[PDB]
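Chemist: Read off the chains here:
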Amino acid sequence: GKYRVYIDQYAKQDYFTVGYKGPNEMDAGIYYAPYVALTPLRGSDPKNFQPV
Amino acid sequence: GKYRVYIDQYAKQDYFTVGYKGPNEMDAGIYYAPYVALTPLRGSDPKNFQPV
Amino acid sequence: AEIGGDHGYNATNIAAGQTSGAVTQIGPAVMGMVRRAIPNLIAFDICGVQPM
Amino acid sequence: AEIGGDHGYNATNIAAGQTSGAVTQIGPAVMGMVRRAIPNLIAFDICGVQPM
Amino acid sequence: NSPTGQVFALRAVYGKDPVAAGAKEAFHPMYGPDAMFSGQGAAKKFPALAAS
Amino acid sequence: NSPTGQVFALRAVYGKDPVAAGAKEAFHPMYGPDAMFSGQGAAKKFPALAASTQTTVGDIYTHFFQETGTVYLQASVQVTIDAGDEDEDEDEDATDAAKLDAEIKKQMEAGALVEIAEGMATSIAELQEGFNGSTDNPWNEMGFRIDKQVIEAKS
Amino acid sequence: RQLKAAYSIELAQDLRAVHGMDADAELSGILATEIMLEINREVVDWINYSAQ
Amino acid sequence: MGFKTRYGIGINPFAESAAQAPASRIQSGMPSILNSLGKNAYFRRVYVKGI
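Residue numbers (PDB author numbering), protein chains in the order written: chain A, 419 to 470; chain B, 419 to 470; chain C, 66 to 117; chain D, 66 to 117; chain E, 118 to 169; chain F, 118 to 201, 201A to 201I, 202 to 263; chain G, 264 to 315; chain H, 471 to 521.
Bound-form chain A, shown alone:
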């Protein structure tokens, strides 16, 4: 009834970590602010034409 458990795949020795997350996005203790989404880019070299 209280805790959501996320299992760390690549743990080295062993541990458990407990934290808090309120409804407001400021009740985190760590902020992930994506300034720009994943921007795709493409180009070519006009001597081999191979897509990059």
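Because the hints were derived from the structure by calculation, they are not lab data. Here a beta-carbon is modelled for each residue, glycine too, at the ideal position from N, C-alpha and C. Among the clues, some could well be false.
[As the list claims (entries may be wrong)] Keeping only pairs whose Cα atoms sit at most 20 Å apart, straight-line, the calculated SDA-like set for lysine to any residue is:
#1 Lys161(F) - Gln265(G)
#2 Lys439(B) - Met96(D)
#3 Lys133(F) - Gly461(A)
#4 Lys439(A) - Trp309(G)
[To be verified] Label-pair ranges, simulated between beta-carbon atoms:
#5 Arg514(H) - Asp71(D): 39 to 49 Å
#6 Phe125(E) - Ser85(D): 24 to 34 Å
#7 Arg514(H) - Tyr312(G): 26 to 36 Å
Add chains B, C, D, E, F, G and H to chain A, keeping to what the hints say.
Modeler: Positioned in the frame of chain A, the structure of chains B, C, D, E, F, G and H alone reads:
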């Protein structure tokens, strides 16, 4: 009504050849196998903007 | 006399269909392709986002 | 970079599908099999056909 | 439709091992049939003609 | 239905050359993602952690774990991995490569090093591969390779 | 964060002919998935970094 | 009177999950000393004592 004649435009000397071609595309001697048609490509040099 | 024989159990000969017997095989039959499964994520909701 | 390269134009490599680049091939496509035509028989109306 | 292609060729040979070196094609368009292969030849070996 | 079979296997490989030997796989289930390749890895090449290596506070070290791939650690205190103590301590059997991992875990356990993933400086990532007249700053590239396995039939 | 890939035109043409994989989405999918994994891994590592 | 039959045993690729690259881009799928002799990750056996 037995031979079909083709002309070598760039014939380095006067000559003729006789060959065979059966009904099926197998018994023909030399096999010509296209893979990819002429694929156009386009590009430009960044330092001088000259299309290639 | 018209024996089947077998490939020399070499991956090189097995792939190419080369056999020690009389008939040369077409080649191995494809059974499908295997690839790694993309790893999952931690649902990213343990920390607030607040995008910039 | 991520290039395909080619087979070394070697008979063993081509049938086995082993290239020199990143991707290994299944095997060359089958273009059919060519048998040998049975030569004809020059009748029997030029000699006796007396059965024993 | 593939980067490589293969063509099969079938031959008919004379006697025992099909892949033994020095064999002879059975239904050769140029070479005449071994008319004594199944006849008197199967009972005795004839001398090989040679110069002098 | 034929006395010969084959199955292909696709793999994703770091680095620009997916055929060069000694190139770690991308999505290995036990090898965790190298969380510096798209980040600081392109800009700065961290020195590999090794036995008998003095750690300077505020620096980053890297090492490959036999069980969980790649980890980048930050030195919080000046410590020596194995030149102090151990050295000739009594152990029944362990690979000197495997012995290193236990020591690193012990240091990580005692709050000396901490696992850290970093982004990349905005200036450097912008001036990547010769732009503006910069030099010697190649990108990081990924490729895939396809390799086959073949079986036959006994009797 | 940033990544890039480059593939030859021959590789793209060959792969689709023999395996049906376009070698463009695969490279695009791999780069997009790799960066997201690290970002997801980085956030988790920061929490274990700053946890009391 | 006699009987005949033919079968084939082939290992699954990735069974040696621990090595990130194959051997020579082409290898025999039938089991061998190098292919799988304690390296196949799909299986794990445990000995029990004092049962």
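Chemist: Against each hint, give a clear statement of whether it holds in the structure.
Modeler: Evaluation of the provided hints:
About 14 Å separates the Cα atoms of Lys161(F) and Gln265(G), which keeps this hinted pair within 20 Å; it holds. In summary, the hint linking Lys439(B) to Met96(D) is supported, as the alpha carbons are separated by about 17 Å, within the 20 Å threshold. With a C-alpha separation of about 17 Å, the suggested pairing of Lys133(F) with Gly461(A) holds against the 20 Å cut-off. Distance check on the hinted pair: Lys439(A) and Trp309(G) sit about 15 Å apart at the alpha-carbon level, within 20 Å; holds.
Taken as a hint, the range 39 to 49 Å holds for the pair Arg514(H) and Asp71(D), whose Cβ atoms sit roughly 43 Å apart. At about 26 Å, the beta-carbon gap between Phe125(E) and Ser85(D) stays in the expected band of 24 to 34 Å. Taking 26 to 36 Å as the suggested C-beta distance range, the pair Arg514(H) and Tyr312(G) conforms, at roughly 33 Å.
Taken one by one, the earlier hints all hold for this structure without exception.
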